[PDB]
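Omission of a single protein chain aside, the complex is shown with its protein chains in their original locations.
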Amino acid sequence: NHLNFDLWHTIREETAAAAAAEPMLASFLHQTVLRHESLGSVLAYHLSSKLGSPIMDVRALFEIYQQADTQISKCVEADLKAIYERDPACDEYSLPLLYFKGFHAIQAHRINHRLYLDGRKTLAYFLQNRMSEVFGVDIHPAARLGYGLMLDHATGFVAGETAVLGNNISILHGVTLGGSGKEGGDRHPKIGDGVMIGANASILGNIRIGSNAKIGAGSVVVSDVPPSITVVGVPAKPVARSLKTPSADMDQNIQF
Amino acid sequence: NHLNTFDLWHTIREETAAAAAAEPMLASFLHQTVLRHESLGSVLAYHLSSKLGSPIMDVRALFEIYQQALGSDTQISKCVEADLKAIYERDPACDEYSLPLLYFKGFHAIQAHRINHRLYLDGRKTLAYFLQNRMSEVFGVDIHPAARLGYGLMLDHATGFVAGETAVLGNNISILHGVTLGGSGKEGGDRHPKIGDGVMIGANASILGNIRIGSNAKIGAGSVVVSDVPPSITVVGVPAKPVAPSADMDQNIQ
Amino acid sequence: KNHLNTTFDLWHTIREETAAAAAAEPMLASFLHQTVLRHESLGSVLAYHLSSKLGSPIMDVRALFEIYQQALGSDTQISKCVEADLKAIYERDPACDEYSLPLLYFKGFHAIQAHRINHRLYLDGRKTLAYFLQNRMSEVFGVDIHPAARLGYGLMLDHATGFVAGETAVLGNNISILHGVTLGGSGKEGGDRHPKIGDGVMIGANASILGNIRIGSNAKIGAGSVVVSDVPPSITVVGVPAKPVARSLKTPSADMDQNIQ
Amino acid sequence: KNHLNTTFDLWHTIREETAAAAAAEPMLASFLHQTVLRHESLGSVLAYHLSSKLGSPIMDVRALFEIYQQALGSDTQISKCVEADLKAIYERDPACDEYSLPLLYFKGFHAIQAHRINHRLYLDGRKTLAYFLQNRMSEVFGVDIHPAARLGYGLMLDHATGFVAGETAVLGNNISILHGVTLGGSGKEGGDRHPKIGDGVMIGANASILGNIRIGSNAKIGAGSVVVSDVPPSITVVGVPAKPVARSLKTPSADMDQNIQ
Amino acid sequence: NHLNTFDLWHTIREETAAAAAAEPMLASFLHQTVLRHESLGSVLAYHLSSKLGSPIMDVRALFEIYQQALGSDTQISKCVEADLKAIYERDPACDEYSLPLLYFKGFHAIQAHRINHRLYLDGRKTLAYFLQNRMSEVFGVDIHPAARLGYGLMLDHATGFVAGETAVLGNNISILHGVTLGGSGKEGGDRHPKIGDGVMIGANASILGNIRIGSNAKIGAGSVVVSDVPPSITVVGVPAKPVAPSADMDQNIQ
Partner (left out) sequence: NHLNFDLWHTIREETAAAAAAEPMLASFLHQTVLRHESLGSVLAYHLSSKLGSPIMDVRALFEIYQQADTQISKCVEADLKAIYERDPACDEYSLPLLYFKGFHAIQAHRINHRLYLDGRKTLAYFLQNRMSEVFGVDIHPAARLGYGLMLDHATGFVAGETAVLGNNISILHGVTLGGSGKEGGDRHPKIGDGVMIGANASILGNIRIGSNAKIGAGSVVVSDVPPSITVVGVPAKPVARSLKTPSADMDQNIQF
């Protein structure tokens, strides 16, 4: 794997094996993965498969997705490696690529965010709605998402217009990065690097979640959370430090 | 807008013609869903049937059923208009009336339910149960056809909303995704919440049993409410306790 | 007439309910005839309806139907679980007064039975197919159950939306679960890491049960609880985090109900 | 009972035939209820069924249905032609013993009525739409009729496959046409260049009638003929090229049929 | 092949596995249509239902109807096998048994008709009329369900073929596209041709009325036949005249 490497080449090897083992899916795997020359082309194809509709032709969606910021494709690879690292249900890179709804919703949003920043708001709203119907995930096209993100299970995830997510964040299903008040402007959470958010937690308002903080499942967070702090409860309260500094751990290993 | 000026239908058409001009690949969708029609109700029946049509019941048949149900009770479309105005007022992500009309899952689920409720009360329970399941699959929203919903309702995001058979909702209520207006016990009879006017319910809160929520109460996100809530009280926690609204949408629970 | 007051054919009662619905609703008559009345068994009906739900251009409904039919034929315990589930929903859900209502229209019943077949496909080594269907189930039903999760009989998953059960989750028999419930994992390592739920448990809406913990038989998890430690039998737990707050059962010695009829 | 022996409601007879078919064939009951029985008029049924045939992802069936309904409402002569056609098929086709059979299942009847609406759309200036539908008709029905072609009432196009009628073709009333017939043009120039067919004509299978020629009333074109010159009334023509070979009608003075009952 | 060796079903599977290996985007189609099945009849029911399925009657329902009809008369599949062998023998464009099975419109129309005929004789006339129209739309072939077809029949290209209510076809007949076995008159009763064994009919020929075509006659392309044709006679022209066969497929008319 990538921790001991060509991601695209490994996905091709996993997929050709799956196609050989499952004749039911051979032509799906060949048309979605093997006939393509790059991971980005595969992703555009598979995402258009998911979100295409009578209104929005899969071919038209596929072309738009292919035409979409080479930074997006760098985030995609980081996201895939993050899932491999952090999700014990994932032992193959092609498993989230083809079958993890939260991975799909994140990458669909990245493209949606580009279309929205390009001024194609009606199209982005149409696709925001389609993502919510098909993936059970509602991300406002203006939300800004860093790389190395994992959205495990995904169902019920909500992130609003002014939400900002840093890098290497892990999020469970049912999580809300929600707004407060009836006025526009900054009103959704900003999440620092390294944060973990447990299932069905809510983070509400224009509050900051510090780097490497941990939000326990079921928490309702309505105030800032300092870096390296764990919060729990309804409403959420600091209960522990989420990570130990080297000076606290005193780990003397120097091998690796 | 409706707070400044106002013709809701004409504003929607003007917004839609603008969208079609800007996004030519959506132009025919917008012309067929909105601009070719002559009333808001016909647009709603068309768009809802596009969402919920399936092999079992195709978009054409559902369109005719929806037009017939709307025609049988002209007040449904009145609640539709009130809901659209409520979303415009209360949701800062909404600056155009046609945005919830066309793209907000919670708006579609609520109006789909109003038609289901009409069909159910007409005695068409099997059809209403089919459509309840269809709404749950497509929108992620489970509303029993017997539930009674007022006007000026906003269901933001919508995913995971549940309201059961004996639930009753007043007017000008605001609800977030994940909210449960759920039952208790294995017996029939009144067993679901009754929600007063002006109430706001935060994300993933649950309200369970035959209990009353007083007018203008606020249910904090993540709250679990199992007993009556007096008017103008704010409750937070699991179980929820009084500690301190559909118009203001303030989500603070501290 | 029902399974609680008649010495009772589930399949024939479902056929009779369906013939009645078809005569009352011409809009749905041919669906009911193709999905229910033209079939010879409840298992064939279920395989047909489920493949209708999860089929796609990728996965032909006819092929899925045959796969589901063969899987039901390969593991006849599944159909017995199916029957127990329908009776459980009839017994416990006051919105259910007919057996064909959950069979045709309750998404939580569909997701459970789709998983039972999915689990069989997984055990037979069709893991790619099982992962494809896990994803399809999550999309169509809003329910994410790992194919390796183990589910007993007499289960009710009411409303269903948002239910999650992970790779090493185990559910016993006669369990009742509301929408939004999580039987979730902890940590980045493989091995046993999801809850094991004993017989008779009730789990309320949007509760989360996390880690390799045991929920004892007849326990009750209140709506919205977050459970991160073992829960002993016959205990009710509430809160975030969840704490024991009461005994879950009323003993006959406490009730003093003297009826013998 | 029918239109030849009852002083007769076409629409209500069609409803009665359809209710009978729906009760006998549960596979088709909901189609018959959605296509026929839930409607209030034959024109609404026709618009619904035709849009089912010619609709596509490009052209939403619901939009086409409304366009066809408005076109039928804009030109109430079309529905009168529709009724004449159904009676003509009942009278002349021995395979037809029920009025709803061509209405629902005869491709030549569908193509003719689709053209009548197509012609109206063309005259109103919706030429792009009419060309789109001309192509759709050719694909789905195997029938190519230019939107500018003019068709009278009481027409039967039996089997239909391969029928072609070009831009300046004109068909009178009470004409019978078999599959494979061509009312075709000649030359690379615009202007009148297709046949004009008089009342009462019969045209046999795979005949071709080419150029700006006139086929006189009550003429008969035998199957397989190629007609490139005018044909006078009451004449039968046969061959490649076609030549007059007989008189097409038996006069009462020749038959000497003395019945007065 | 069946003239050299022979197992038709096994040869079809071997051909199909070869095709799937060569054309990976068709592999799942071939596995789902052919290789997953255990008999030729089940493949035919599956593939015909893929062709004729529609919103009114979906591929699944038609598949079950077709399997039931085939199961009710095991001789249909016998005629299917004879037809496939006839096409292999007589059509130089056919060097594999699975090519007509999967890709020849005329083969599909004929087998679709055999099922229609069974349904029609069972009394399911409405369903048979629906499928007759469906066959006409999809295949360009109009065969009345009451028509009687023998075995070893080949309909090459098929487009425009018409056979009416009282038509009767013998065995080992070869027919090209555009051929009419048509009626005459406005009255019921026998009014369509009866075709003897071994007859060959060229492209776009018509045979009209209650007339008999003798065994091994040859009908030239473009012929119009309105009276009986004796056995082993070749006729050409409009109207057709004797001037001088399903195995040899010689199209000369001079």
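Should a chain be cited, it is by its letter among A, B, C, D and E, assigned in written order, with residues numbered from 1 in that chain.
To be clear about the criterion, a residue touches a chain if its C-beta (ideal position, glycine included) is under 8 Å from a C-beta of that chain, and two chains touch if they have at least 3 such contacts.
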{"item": "Among D:206, D:217 or D:218, the residue in touch with the chain that has been omitted", "value": "D:206"}
{"item": "Option from E:46, E:63, E:97 or E:104 whose C-beta touches the chain left out", "value": "E:104"}
{"item": "Selected residue (touches chain absent from view) among E:85, E:177 or E:191", "value": "E:177"}
{"item": "Where the missing chain touches chain B, by residue", "value": "20, 24-29, 31-32, 35-36"}
{"item": "Contact set of chain E toward the excluded chain (per top definition)", "value": "19, 22-23, 25-26, 29, 50-51, 89-93, 99, 102-105, 138-140, 157-160, 176-178, 202-204, 220-223, 236-238, 247-254"}
{"item": "Missing-chain contacts mapped onto chain A", "value": "31, 35, 45, 48, 57-60, 62-63"}
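Here, only the chains that are shown with their structure count from here on.
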{"item": "Turn needed to bring chain C onto chain D - CA fit, degrees, nearest 5", "value": "180"}
{"item": "B-D against D-E, pair bridged by the larger set of C-beta contacts", "value": "D-E"}
{"item": "Whole-Å gap separating chain B and chain E, where each centre is the average of the chain's CA atoms", "value": "56"}
{"item": "Numbers and ranges of chain D residues touching at least 2 other chains", "value": "27-28, 31, 34, 52, 60"}
